[PDB]
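Asker: Residue strings, one per chain:
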Amino acid sequence: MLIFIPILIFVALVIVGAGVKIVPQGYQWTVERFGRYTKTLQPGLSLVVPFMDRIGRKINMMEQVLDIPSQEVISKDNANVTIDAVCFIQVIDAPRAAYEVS
Amino acid sequence: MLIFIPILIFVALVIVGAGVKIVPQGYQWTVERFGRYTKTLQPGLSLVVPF
Amino acid sequence: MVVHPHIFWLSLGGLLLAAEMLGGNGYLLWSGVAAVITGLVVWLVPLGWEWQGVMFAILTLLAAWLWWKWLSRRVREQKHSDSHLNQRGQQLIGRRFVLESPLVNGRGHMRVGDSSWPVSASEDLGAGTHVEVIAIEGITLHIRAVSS
Amino acid sequence: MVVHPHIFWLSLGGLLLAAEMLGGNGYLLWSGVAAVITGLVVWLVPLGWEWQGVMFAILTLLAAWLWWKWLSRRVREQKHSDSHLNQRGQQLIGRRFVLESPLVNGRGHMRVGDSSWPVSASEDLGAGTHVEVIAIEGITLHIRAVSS
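Protein chains in written order, with the working numbering: chain A, 1 to 102; chain B, 1 to 51; chain C, 1 to 148; chain D, 1 to 148.
One should not assume that every hint holds.
[What the hints assert, rightly or not] With a straight-line cut-off of 27 Å between C-alpha atoms, the simulated BS3-like cross-links for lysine-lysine are:
id, chain 1, residue 1, chain 2, residue 2
1, A, 39, A, 58
2, D, 69, B, 39
3, A, 21, C, 79
4, D, 79, D, 69
5, D, 79, C, 69
6, C, 79, C, 69
7, A, 39, A, 21
8, A, 39, C, 69
9, D, 79, A, 58
10, A, 58, A, 21
11, C, 69, A, 21
12, B, 21, B, 39
13, A, 39, B, 21
14, B, 21, D, 69
15, A, 21, D, 79
16, A, 76, C, 79
17, D, 79, B, 39
18, A, 39, C, 79
19, B, 21, A, 58
20, B, 21, D, 79
Read the hints as simulated data drawn from the structure, not as lab findings.
Here chain A stands alone, though its shape is the one from the complex:
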């Protein structure tokens, strides 16, 4: 009546705001149901029942360049040299990269 209507509008806005997820290209998301992992979201539109599901973590899915700091190594000829190295890392679509290591 007098005070119900603004509350109803606000409730509708909040539920739609927190129940609709859009995932960009080059990423995947994870859905936690009260904490437990249940499923993963690919890029697109996704509806998750609110107040029970939330977003776990954001997983990049593109090759990444990763420096390795300077390092001192001894060769087989007993030669002391210093090197630096670079790495490429890619995450296979598994959710493991979020929950199997910190």
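Given the coordinates of chain A, work out where chains B, C and D should sit on it, guided by the hints.
Answerer: Frame of chain A; chains B, C and D shown alone:
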């Protein structure tokens, strides 16, 4: 009556607050019954009888 | 100012649809569409003021709900360019390769591109056999011998 | 202001359901739902003011109670992705390996991945036998011989 109702609301809030446990992914919790270890909680919703 | 109820709705709907185009995430769409429909319903049918907000909220919920089924029906069995775009593990399925080192105990490594990948097979396979990938587990590739 | 009892409940329920979406842990849900149901009961049925709080508290308790059974029924015999996700000891069950060093006194070490794990078996097993894991105790793996 006059003073029971607010106390009842507060009691309900406290019991629900301290009896419902949610465990994140990548962790496990342990439940102690007056001090003794009884069981372990995996990630999810868990009800433990409070106090 | 207030004698006309539908004007408020048909203004708010347009304003929210316009606010979309500022760089939104599609959150405001689901309410603007509902506001437009609420205006087109109230203007034709004089619903009660306490019966307006309920219909507007329900219309927002259904506005958000219907396109999910529309889009999801569209995605499956029809679109596959993005499905094969950004998942490598499914890309390698079905490809054929050759082996340079024999598998011991049904496990080893195989050269792909310029790098190597771990492979596992049901039986020990010698060096120089044509193999084809079937499934992927973790990062390990299941391979089986295939005739040329 | 106070002549309408159901309005208070149907406002508090909505406000708590909204307070959820600020980043809560689900604590406030169980009372907001009860408040909404209390409003929908008082509005239809004029219960006594001293008979409102009791029903609201009992409704909070049952609101928290029912979903536990719903979710727990859902989890068992239906969902296993998270069950096999973050427990390694159960992952190794059923896998097959080979031995490089003979077991002495029914105990030894076995190579898995790039590391080693302690193993125990009922009888002494020589080097080069196919073995399969059965159970796990502490970090020790029970193995038994299996034919190829």
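Asker: Residue 69/D and residue 39/B: Cα distance at most 27 Å?
Answerer: 19 Å, holds
Asker: Could you grab the alpha-carbon distance between residue 39/A and residue 69/C and see if it respects the 27 Å cut-off?
Answerer: 19 Å, holds
Asker: Holds or violated: are the alpha carbons of residue 21/B and residue 39/B at most 27 Å from each other?
Answerer: 14 Å, holds
Asker: Mind checking the alpha carbons of residue 39/A and residue 58/A for me, to see if they're no more than 27 Å apart?
Answerer: Given pair residue 39/A, residue 58/A holds - Cα atoms ~13 Å apart, limit 27 Å.
Asker: Would the hint linking residue 79/D and residue 39/B be met if the CA-CA limit is 27 Å?
Answerer: 21 Å, holds
Asker: Would you check the hint for residue 39/A and residue 21/A, treating anything up to 27 Å between C-alpha atoms as holding?
Answerer: 14 Å, holds
Asker: Residue 79/D and residue 69/C: Cα distance at most 27 Å?
Answerer: 24 Å, holds
Asker: Would you mind confirming whether the straight-line C-alpha gap from residue 76/A to residue 79/C stays at or under 27 Å?
Answerer: 56 Å, violated
Asker: Check whether the Cα positions of residue 21/A and residue 79/D lie no farther apart than 27 Å.
Answerer: 23 Å, holds
Asker: Between residue 21/B and residue 79/D, is the straight-line Cα distance small enough, at 27 Å or below?
Answerer: 20 Å, holds
Asker: If you draw a straight line from the CA of residue 69/C to the CA of residue 21/A, is it 27 Å or shorter?
Answerer: 15 Å, holds
Asker: Keeping to a limit of 27 Å between CA atoms, is the pair of residue 79/D and residue 69/D held or broken?
Answerer: 15 Å, holds
Hint compliance for this structure: hint 16 alone is broken.
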